[PDB]
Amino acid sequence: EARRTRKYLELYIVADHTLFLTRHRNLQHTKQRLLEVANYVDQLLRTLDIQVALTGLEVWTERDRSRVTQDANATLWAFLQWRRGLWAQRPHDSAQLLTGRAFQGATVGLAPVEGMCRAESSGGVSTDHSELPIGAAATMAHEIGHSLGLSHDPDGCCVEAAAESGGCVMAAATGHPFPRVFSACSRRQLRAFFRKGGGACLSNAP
């Protein structure tokens, strides 16, 4: 056999003010939640041969630094414009906002398609919708997938996980049991993405 070259996603994760309020204004426990969610994101992405490197953690304890509203899309781009300033001081590949608020329209997470590594769109927003950390992580990993140009899984894609096991990450539907692996279809799409020049910033080992 042969060894595949690993990829690394330098991740910066942010907890908005509402999530902080939800965690009873406990800074330590809010940070712990972000770390646990990142941990599950790492587990999921590893099935794509991508390892997570947590660049930074940030909790908006007194005020949101970017406007977070019921509008997932508005919230996303407001966060992405804020991410630019942050990137200059603390470089990272992708910034992810975890919010305690719910979005209008049944939306649970959102990110720009194929924006991985781009200064203007390499990030995403996810709601911490489940008591379980893996819930938000699955949502965040799904959006990172979209960021990497991955589409939702077609008809018979995802054989490496059944219903009770949570299925695959790029499934069109979300809910418990949550997914822990990306389908083979997703893995092929990712290798094509890299080969074609996408996600150039995931090459350096932190």
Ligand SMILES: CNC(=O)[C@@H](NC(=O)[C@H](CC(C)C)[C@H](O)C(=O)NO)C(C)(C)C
Given for the second form:
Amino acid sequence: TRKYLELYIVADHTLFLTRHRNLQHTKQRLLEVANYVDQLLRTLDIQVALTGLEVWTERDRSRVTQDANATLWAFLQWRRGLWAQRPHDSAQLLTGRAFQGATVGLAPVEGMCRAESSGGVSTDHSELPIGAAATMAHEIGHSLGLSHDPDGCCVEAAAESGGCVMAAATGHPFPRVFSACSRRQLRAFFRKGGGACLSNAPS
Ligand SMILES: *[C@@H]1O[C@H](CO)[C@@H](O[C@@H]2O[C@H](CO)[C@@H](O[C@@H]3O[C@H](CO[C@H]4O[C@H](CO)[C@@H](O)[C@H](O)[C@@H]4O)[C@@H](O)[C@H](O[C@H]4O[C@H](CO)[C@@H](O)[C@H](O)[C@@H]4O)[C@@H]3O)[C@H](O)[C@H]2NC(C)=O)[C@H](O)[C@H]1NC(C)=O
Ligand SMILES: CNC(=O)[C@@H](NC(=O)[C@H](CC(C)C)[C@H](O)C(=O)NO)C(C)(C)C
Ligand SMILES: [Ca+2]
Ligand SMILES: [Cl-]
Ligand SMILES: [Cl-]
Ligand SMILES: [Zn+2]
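The block above covers the form deposited without this ligand; next, return the form solved in complex with this ligand.
Below, the chain from earlier opens the complete complex, with every other chain and molecule after it.
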């Protein structure tokens, strides 16, 4: 019984523009962010399989604004049509837009595999790909029913180590591991029936 996450990642038009309208380099950024997401999720014993990749080179397919929540749900609605053509477990939007309130990412809680909510949004806020990846892994965490780490969690992964992924705030150094509290919450989530779509090994 092994767990696999079929991930579909999207780069919005703004990100494309910040990447000098360079398709190849925008795709490379997505690939490197996806690689770090895989590294982080593997500390939960979940392997990531990059199912698909998309760059909105001419226009955003869903409305992206300063409102993180509005952006998240507009993306999720668009994701429904995407899913019908390109099946995946979770779709993640990586945006070059900055959200109001210093928010860098959002995702519906316990929505993994749900038709209306299996996705998330993250701003590419750091020069380092691991920044966006830690945010994306955090949103995927919420999708898997993980809550923010209580202060008595993340016994170790010291300050200089970046801490743990489910921390409520982010910043360099970025987290590379999920806390033991997160591990326990994930196992309970799976036992209770959540994330049923993570059971298949990608073809
Ligand atoms: C993040 O952003 C999302 C999207 O904007 C918010 O989700 C919306 O939340 C509101 C309130 O919770 C929901 O409003 C309900 O809409 C129902 C009809 O929905 C249709 O129309 C909306 C708007 O055009 C579309 O988004 C949607 O796809 C549907 O086509 C109404 O029937 C509801 O009214 C009835 O129920 C309410 C509450 O139960 C009663 O008080 C009323 O008397 C009435 O009987 C209600 O107006 C809306 O549907 C949600 N949109 C979704 C699911 O996409 C999040 O709340 C927001 N998160 C935040 C800010 O925390
Ligand atoms: C640099 N900005 C931040 O640290 C913000 N935090 C976020 O944006 C969170 C995501 C980070 C990946 C931890 C977000 O609120 C969340 O929990 N989504 O699930 C602050 C603390 C300013 C609100
Ligand atoms: Ca799957
Ligand atoms: Cl168990
Ligand atoms: Cl049980
Ligand atoms: Zn959070």
